[PDB]
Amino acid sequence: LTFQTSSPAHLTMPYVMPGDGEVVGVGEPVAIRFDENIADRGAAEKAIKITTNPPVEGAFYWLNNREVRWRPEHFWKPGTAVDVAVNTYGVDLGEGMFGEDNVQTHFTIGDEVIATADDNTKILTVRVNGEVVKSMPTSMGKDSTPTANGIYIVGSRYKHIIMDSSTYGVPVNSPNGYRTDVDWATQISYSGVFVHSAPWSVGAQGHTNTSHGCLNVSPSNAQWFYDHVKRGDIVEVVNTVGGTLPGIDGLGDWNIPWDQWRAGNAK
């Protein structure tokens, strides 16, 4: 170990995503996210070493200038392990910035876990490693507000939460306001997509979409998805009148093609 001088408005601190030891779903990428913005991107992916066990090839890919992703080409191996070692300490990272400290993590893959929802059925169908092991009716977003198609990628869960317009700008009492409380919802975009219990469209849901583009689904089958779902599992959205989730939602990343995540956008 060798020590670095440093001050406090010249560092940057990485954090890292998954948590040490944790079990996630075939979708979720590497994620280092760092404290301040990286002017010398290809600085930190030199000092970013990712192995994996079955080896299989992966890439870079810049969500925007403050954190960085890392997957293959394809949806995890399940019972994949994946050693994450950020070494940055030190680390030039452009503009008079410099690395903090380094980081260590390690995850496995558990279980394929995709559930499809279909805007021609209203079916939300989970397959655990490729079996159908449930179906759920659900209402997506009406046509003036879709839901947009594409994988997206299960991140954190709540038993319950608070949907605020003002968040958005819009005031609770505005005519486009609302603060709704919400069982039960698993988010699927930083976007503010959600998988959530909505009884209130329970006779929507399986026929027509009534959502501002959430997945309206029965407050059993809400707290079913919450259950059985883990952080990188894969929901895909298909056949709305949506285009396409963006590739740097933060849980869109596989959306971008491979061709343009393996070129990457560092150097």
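By rigid core we mean the largest C-alpha set that fits within 1.5 Å across both forms. Numbering follows the first chain given and starts at 1. First, how it differs from the form deposited in another entry.
- The residue among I123, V133, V172, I162 whose Cα moves by 2 angstroms or more between these two forms, once the core is superposed, is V172.
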Second form
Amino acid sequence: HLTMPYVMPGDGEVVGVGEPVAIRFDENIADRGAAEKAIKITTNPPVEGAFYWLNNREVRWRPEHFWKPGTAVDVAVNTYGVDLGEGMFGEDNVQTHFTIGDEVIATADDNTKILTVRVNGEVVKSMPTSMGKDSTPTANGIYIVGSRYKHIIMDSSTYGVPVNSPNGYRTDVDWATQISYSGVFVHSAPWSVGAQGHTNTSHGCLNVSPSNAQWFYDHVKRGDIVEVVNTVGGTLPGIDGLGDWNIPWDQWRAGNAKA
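Switching from the form deposited in one PDB entry: structure of the form deposited in another entry?
Single chain only below; no partners, no other molecules.
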């Protein structure tokens, strides 16, 4: 019984200031503490960080605050032959190096209905946006940018939710940047340009103009941050998959290796 670790982000990547280290196993880990002790993270400049498990197969490590731009990170997952509990052994090691890019923080403020992109503190874009309508609102919180798609079909049935049901949907969109595993995206919405900056019309996604969505796709990278503030929604879950920063540091740091 072997289990293979997979580390994100990829070796040689540049990622945003929000990117956690992720170590994800292809089997449930019975002894989380054993996995944690086998994983060594080196930072330059050196920063404290801590492990927190999103579920039984994936642990994350990050610092208290967003990474400092230019930080170099080395991840040594020394799991080959290590007993991860219930007679499961690590199949191999993984060794990954990556670097933190520029500080890119985009804030969507429902009081202004503008998505402002700041690069190292400077506004580079101000994008009118239309967010989730009151019945399906966009959650407030900190979102980590994930994958991007030039065109993607978003079908609720991907999440076990029938399309012709209350929480259902089926649409195709261009220039989509993923910001939660729950299915929140920044994307092109030419049909809501009138409403962008004025009225929330979406199902939760951040609708922007075709040009702004393409800009986002081209220039915002994995690990950059989107913050949503002042909506009528709740808070993005800490264990979403891209919601890691919504867990306060004191809780994160304490971890969940015994849970």
